[PDB]
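Using the sequences and the hints given, assemble the complete structure.
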Amino acid sequence: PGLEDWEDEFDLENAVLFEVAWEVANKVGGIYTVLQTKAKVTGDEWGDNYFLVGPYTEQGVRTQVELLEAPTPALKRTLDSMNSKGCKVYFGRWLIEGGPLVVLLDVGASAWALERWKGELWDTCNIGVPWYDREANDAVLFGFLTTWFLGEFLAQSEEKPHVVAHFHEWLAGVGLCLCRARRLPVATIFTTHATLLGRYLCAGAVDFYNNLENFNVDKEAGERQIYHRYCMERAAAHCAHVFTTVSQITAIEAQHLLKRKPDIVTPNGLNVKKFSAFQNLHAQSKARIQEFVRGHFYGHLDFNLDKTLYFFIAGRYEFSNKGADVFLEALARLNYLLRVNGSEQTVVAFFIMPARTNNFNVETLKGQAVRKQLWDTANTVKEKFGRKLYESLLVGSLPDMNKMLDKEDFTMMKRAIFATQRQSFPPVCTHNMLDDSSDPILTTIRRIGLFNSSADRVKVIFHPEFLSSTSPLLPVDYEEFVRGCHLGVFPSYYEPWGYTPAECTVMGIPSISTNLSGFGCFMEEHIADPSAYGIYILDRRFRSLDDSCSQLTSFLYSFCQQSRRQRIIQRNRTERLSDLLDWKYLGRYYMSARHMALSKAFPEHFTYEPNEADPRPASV
Amino acid sequence: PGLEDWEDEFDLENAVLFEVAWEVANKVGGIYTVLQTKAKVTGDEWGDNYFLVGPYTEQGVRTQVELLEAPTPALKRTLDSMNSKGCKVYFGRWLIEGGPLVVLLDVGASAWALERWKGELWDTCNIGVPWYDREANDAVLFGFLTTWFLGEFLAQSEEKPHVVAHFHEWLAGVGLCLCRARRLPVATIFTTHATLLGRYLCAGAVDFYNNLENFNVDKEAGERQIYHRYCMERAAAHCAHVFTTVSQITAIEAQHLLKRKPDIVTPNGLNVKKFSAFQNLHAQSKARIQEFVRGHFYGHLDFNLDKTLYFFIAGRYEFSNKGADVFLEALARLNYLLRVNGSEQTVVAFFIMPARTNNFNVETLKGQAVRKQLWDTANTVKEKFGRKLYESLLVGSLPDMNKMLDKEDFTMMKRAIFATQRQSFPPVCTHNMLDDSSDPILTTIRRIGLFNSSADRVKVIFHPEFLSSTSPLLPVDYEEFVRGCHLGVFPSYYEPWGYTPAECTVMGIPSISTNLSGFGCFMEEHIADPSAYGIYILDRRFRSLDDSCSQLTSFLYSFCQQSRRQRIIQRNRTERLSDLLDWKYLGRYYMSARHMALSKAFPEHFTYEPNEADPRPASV
Amino acid sequence: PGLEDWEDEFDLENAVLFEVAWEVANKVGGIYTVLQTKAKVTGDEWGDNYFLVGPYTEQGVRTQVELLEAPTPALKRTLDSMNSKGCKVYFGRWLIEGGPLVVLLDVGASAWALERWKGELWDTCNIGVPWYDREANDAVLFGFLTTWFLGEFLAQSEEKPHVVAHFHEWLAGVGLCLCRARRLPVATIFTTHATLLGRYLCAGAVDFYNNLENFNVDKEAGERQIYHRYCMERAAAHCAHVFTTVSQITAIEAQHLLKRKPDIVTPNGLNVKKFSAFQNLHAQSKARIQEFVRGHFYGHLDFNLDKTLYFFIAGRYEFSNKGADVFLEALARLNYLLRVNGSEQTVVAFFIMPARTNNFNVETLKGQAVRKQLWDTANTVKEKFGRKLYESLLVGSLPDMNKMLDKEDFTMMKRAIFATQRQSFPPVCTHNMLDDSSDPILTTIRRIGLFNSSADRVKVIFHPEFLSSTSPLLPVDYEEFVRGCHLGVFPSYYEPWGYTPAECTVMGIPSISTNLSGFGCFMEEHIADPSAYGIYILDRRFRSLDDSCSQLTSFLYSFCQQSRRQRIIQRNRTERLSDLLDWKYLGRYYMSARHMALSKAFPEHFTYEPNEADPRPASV
Ligand SMILES: O=P(O)(O)OC[C@@H]1O[C@@H](O)[C@H](O)[C@H](O)[C@H]1O
Ligand SMILES: O=P(O)(O)OC[C@@H]1O[C@@H](O)[C@H](O)[C@H](O)[C@H]1O
Ligand SMILES: O=P(O)(O)OC[C@@H]1O[C@@H](O)[C@H](O)[C@H](O)[C@H]1O
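Residue numbers (full-length UniProt numbering), protein chains in the order written: chain L, 13 to 289, 293 to 629, 637 to 642; chain Y, 13 to 289, 293 to 629, 637 to 642; chain A, 13 to 289, 293 to 629, 637 to 642.
No lab work stands behind these hints: they were computed from the structure.
Mixed in with the good hints there might be a few duds.
What the hints assert, rightly or not - Partial selection, computed: residues in chain L whose CB lies under 7 Å from chain Y: (1) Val385; (2) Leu389; (3) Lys397; (4) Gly411.
Stated by the list, open to error - Some chain L residues well away from chain Y (every beta-carbon gap over 12 Å; in silico): (5) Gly111; (6) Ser169; (7) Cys214; (8) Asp230; (9) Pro369; (10) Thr392; (11) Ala393; (12) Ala470; (13) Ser614; (14) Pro639.
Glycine included, every Cβ here is placed at the ideal spot set by N, Cα and C.
Here you go:
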């Protein structure tokens, strides 16, 4: 389909690009995966002219960085001068899929120059940094060393090439500000993945999404003592040849907060080849989740397991940001509706959110051991029955069915039966809370009244611990378990881009998101009639909370009323949707951003035609 | 234990050895495996001075010979002269385990010189060859080219090394005779694996083993028109520095026929590493043979399969040489004895001997299909029963055993039951004979009256076709099937060395042989109280036929009366016996023969001390 | 969806139905499976009032019939009188999925009455039967005993119920003619699956489908001496309360040949549950077919196997009826087109048609053995390499890649390499023809020039033998092999209904049929835009041969030009199409036919409203 070499035929000649980011070869956040995935295609387009600028960490260099010698004499002399001037910079490869060249800068080896660098920064842009941040000083040092390295590289080259600088986050924006300050012949691109004040204002302040035009950012930066971070972020955003954002919602957020409309939007992608390794895997995962729910619900298995649906929500433990309260309230409403209608369907909800636990509870382990004992007894009895039937059937005689069970088989069956006796109800959580009184999820469940009762048609399972293949009760990784679920509900409120819903959708599981996330807006914009492809968008921007909850309840009820053939068709449609989120297509927006940057920086040599051409209308 | 480098520390210096044999890189007989196994250790001792002399075949060079360039200039010039004088000789490697150097001589490229070579051979030793043999002419040509190559190699070498020639069979004895005729400074070793007149005299003539001293070999060579072959064989045997045989029985045969006592006996060995890849394999093979006998004996399975013993005899279709008649008569006697004693044991006899068949019979395929259908029906019913039991047992209720079978399960069971109806008796052979009237095995079975009747305690299975893993009814190779059998009975009359009993014993299966084979004599001489190690020797030399049969019957009855613990102990003892038949130990006799040859050829440089030192007394 | 109990709510009361057919409990033709599949649902609707009338065979009663006692006294007395009057009739169950009640009539026990029955038949309808048919006499006897049994059952019942007779083929039409002759109060349904003269006229006569209105059936029945069979068939068709056919093409055939328009069309169905046991199975089958083609094409594997397509045609060996010549000519044309366009795609054609063979050819077995040896060598080397890499990697050292291969590994690789040497071309057929000179398929292949050459882009594989799981080279059943193929092409000319294309389509494999078959017309009528669902209809009725061939070539070329995503979507669409051909829906037409029959026979008690209501418009 649409490859990188479609329509951007451009004279690249002697051009070098720097992918400056604070997290390269240092796993801190989530856009680490974005850089790791984009590196392969970007380097394939760029050949050997792709560099990454980032801080040095002993752990990172020990685990995934292989030190090497730089291939050009210019890098040799620049590194020699850089080490001989009182700093410490190393060179090597990044041990990832693409294997790009990396320069690592040790911010701890330049503490002597912070006093003069702060003064120069103030004399250049009137930016001050308090002494107690311990993070902004690191950003300032990283920017100073980055701009000094760029200046030395351009100055010491016999022939000056076209250098492109690309920064990603406000810990690196000081470098962009400084390189623009010193009038270096460089093309600067600034891309933001999350507004700094967005996270601060969403928590505490109410109706942050209904008051964008009524926010005078200066004060809100003032009272939180994050004024200087916003100052450098906004300054770096302003003095950029091309300004870029990751999603539309963040685009409006930056426009109303950073006071600059982003020129191009660049969604985050991923490599679909590794995830693709498609119904056998889902069937196996569903069967083994059936095994798990049989283990947990021993002694209360009064509902058909062929008409049960599995819902799940995952991510970091943010009750409000992920909208778990909305999901819980809508689950209660759906339980009420199903109980009224007398339906045979059952909904089992999973909640994978980290919490502060110590060990498992006795009930879950007891149930799992009981299930294992029942399975073993059934296997032993069925093996004995099969052997007896085979031997009695070779002699051409009908099996006398009343004599295939003897004393010890009855003893084992009886032991199993008394093992499956229970008077209480299955627990709603599989661990022991250390803050059970202050837990919001459990408090909400208690308020809405879901205790896995016999009459309840909706079951709630809370699994705080990270999902691992070595777990005593769920020895499975995140990917395989997600593959088997029926639907993923993410009623998020504030999220610049949804990594988890993207992973769910690329997997081929129908998902529910909001118009309030980058993924939701991307899907809504790039396809028509999204409901047919297994994606349901919750309108949260132009609606109240009760409206958002009723709509989500209606979506869930509509999903629960679908027949098996309808679910199969919807699942096939969502299967044939993974290629929209791969870097093979999403990498073109970054390339267009680069072309804009070169056109702005060197209009004499480069000229760009503003082509914004780039699709899935319908299937029924 | 005993390695090659134990006690033969000898100054080898510049010595070259030629392993002349007609079959090298050309699979014809059985000692091909002997050479292939001995090559690795002999070359390891000899370094790069190990050569093989043999005829050229297009198929052999295409399948397992890689042509190469000879590593020494002497070989270069000898090959160049050899090709330039009117012959055609190539050089290369043998694609086997050891990878030894091979020289291949094309006997079809020297038909021009046969007229003069026959005259020279007659003028040298008065040996004539008739024109209609088509095999002795090839031997004469091979010997002439071999001796000419040796003479050219020794003559054209700047420094003359100590050359050792080793021949193996009368197709190569002409070379030994010629090299001794031309007084070449070579050490000649002649080893025979089978006397030529032994096979001719065993068939037809009676009591060949009771009249060795009353045989005037000249006439018996005369009437059969094999006089010249015996002449060259005996002449080559006489004019050898060291005369060697493969087994003791062949030693006496050569002494009373070739009129020369062999100096050293060299038994054939094999590499035990590949065979060793030890009760799991036997259990699996026994279970699958149980599956086969269940398939064959459908509708007549009235005997316990936990008390059944499996006997087998294999090899080429020689009724008298392998003594199958003795085995059949003794099986009839044992059936009579077991029927009298009212024992619950059952003996199933296998006969793996190639015959002239066309296809399988209908009965065996029908039985196998019936068994497969029964197995499939049992598996389906047992799966359904297990699933129903599991679901009914999760709810903590005892299985109502009278409702786990429904209409279609009863239908399938009934269909199987009417499928297992048979009025006739199982066939004694699994194929269709083209000479059923003239078959000796079937005639003997009919005479002794074993038709697999219900009252019969001994079952006979005849499997003419080669045992292959792709067979429709026995998809198994020889090794795995032999691993699972209980006992291997080989009442051989004439066999210089037993490859099949050796393979059976190295495998770890108790076996019965005779004092009339090389393997039997070897085992009897090298261990004390052989009965405890799972080997039973039948005394056939000093006894009549009726005596040999009664002794074999007694041996079989004693084996059948053993308990399970006794069988386990005997099997472990026979397991710990494989290292006696490996080239790691059996290769020392060849090395001693080489030392004798060098001592005889060049007494000035070499002197040997006649050490004949080389053990398993008992275990209960 | 649409079940049997949708809209036909009707007072059935005391009604009995007889499913008269000559093949019940006697496997002869193909509609045996139709009856076996329809029995379950028909008996479920009918309770215990479903009977089958058919001849007695010892083999059938021994293998799949369980004799039982009839549950009603009326059947007791009728059977007693029937046996006491000089005939021999038994009672029992049919050992099939539904388990319906069966009455079996021995036609060989009533040879005494044929003389009077022939005279009575002639005096009733002037129908004569020649003495040398040996099949029409059996039909006459079956009809006489059937009508006598029906008359005795209705006469001897204390209260007379509403009896329904259903016949299926002209071997049973005599019964319908006789019951209509004797004015029994019975509802008669006649259904034909194939016109008798259709098969006779398609062979020999030209343009049978362009001359229906110009055929005066009397003569063509006359010259072939099949006049009396057509006479009884047409007479039975005329004197039927309801006339039924299996397909539209047969409907027009009966209208223009039997001179009676069929009231209702009843397509044949099947149970989709057993076939459904869906991409994992196809992937496994495709991989193993890749294994097979690797084995067959050793030494000529110069084409990519990831861009190869597998076509297949199967059925009985009818060159003209199945249109194999058209397929071969179009394959040649497509090979020409692909060779011109320089495409990388390759087409491998399979031909599963029984022939008169004796054994396999040497080349195929040699290739399979070579492939097995290569696979074994690769596995051994890869295991050794993995073990060495693991051990050398535990010590934290990079693998010295130049030392992981030693002498014996190189020897094995070399042996494999010389094993894969071949000078000739792969054979077009895997067996040895006994009539290679007179074989039409091979003659056509030779004429069109497809010898599996290197430059050829289309490969032809002919597999005459029945496909079995025990085959030496293709140990697979029909179902699993068909599951893995890419497309099934059936350019049939004369076929009343396509069992093989129906099995292919219900499996989920895109298929090509003609408007000239029952399946093709059914699909064309019941869906709109058939090309989107993976079915391509060849217009053969209104077109010449060259037109039919060009259209098929265009269809194949269009299929070959599809991308992988297009193929996946088409395959999912054809997956979601199996429920159209199940008896859960196709069984309603038979039920409507029954209601028509009861309305015609007893208008006083029953009245039917002519509802002909019964759908898949499109997806893209
Ligand atoms: O999760 P479900 O709604 O039960 O669907 C799971 C379905 O099970 C089986 O019918 C097949 O494996 C289908 O391929 C799969 O889609
Ligand atoms: O524990 P070890 O001394 O290594 O002995 C373990 C031996 O390994 C292999 O040789 C065989 O499986 C033996 O049956 C087993 O006894
Ligand atoms: O036969 P093909 O055109 O190669 O399609 C086979 C395809 O292979 C893999 O991509 C998947 O298993 C698909 O589910 C399957 O459809």
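Against the structure, the hints come out as follows:
The beta carbon of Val385(L) comes no nearer than 10 Å to any beta carbon in chain Y, farther than 7 Å, and the hint placing it at the interface is violated. Because the beta carbon of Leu389(L) sits about 6 Å from the nearest beta carbon in chain Y, less than 7 Å, this interface hint is met. Proximity of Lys397(L) to chain Y holds as hinted, the smallest CB-CB distance being about 3 Å (cut-off 7 Å). Taken as an interface hint, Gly411(L) checks out: its beta carbon lies about 4 Å from the nearest beta carbon of chain Y, inside 7 Å.
The Cβ of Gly111(L) lies farther than 12 Å from every Cβ of chain Y, with a closest approach of about 40 Å, so its non-interface assignment holds. Its beta-carbon lying about 55 Å from the closest one in chain Y, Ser169(L) satisfies the requirement of being farther than 12 Å from that chain. Listed as outside the interface, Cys214(L) is consistent with that label: its C-beta sits roughly 46 Å from the nearest C-beta of chain Y, beyond the 12 Å cut-off. Distance check on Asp230(L): its Cβ is at least 65 Å (rounded) from any Cβ of chain Y, clearing the 12 Å threshold; non-interface status holds.
At the 12 Å boundary, the C-beta of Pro369(L) stays outside the reach of chain Y, the nearest C-beta of that chain being 32 Å off. Chain Y draws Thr392(L) into its interface by the beta-carbon criterion, the shortest separation being 8 Å against a cut-off of 12 Å. Here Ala393(L) does not stay apart from chain Y, with its beta-carbon only about 4 Å from theirs, under the 12 Å limit. The Cβ of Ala470(L) sits about 17 Å from the closest Cβ of chain Y, beyond the 12 Å cut-off, so the non-interface label holds.
Every CB of chain Y is more than 12 Å from the CB of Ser614(L) (nearest about 64 Å), matching its label as outside the interface. Against the 12 Å criterion, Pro639(L) stays outside the reach of chain Y, whose nearest CB is about 45 Å from its own CB.
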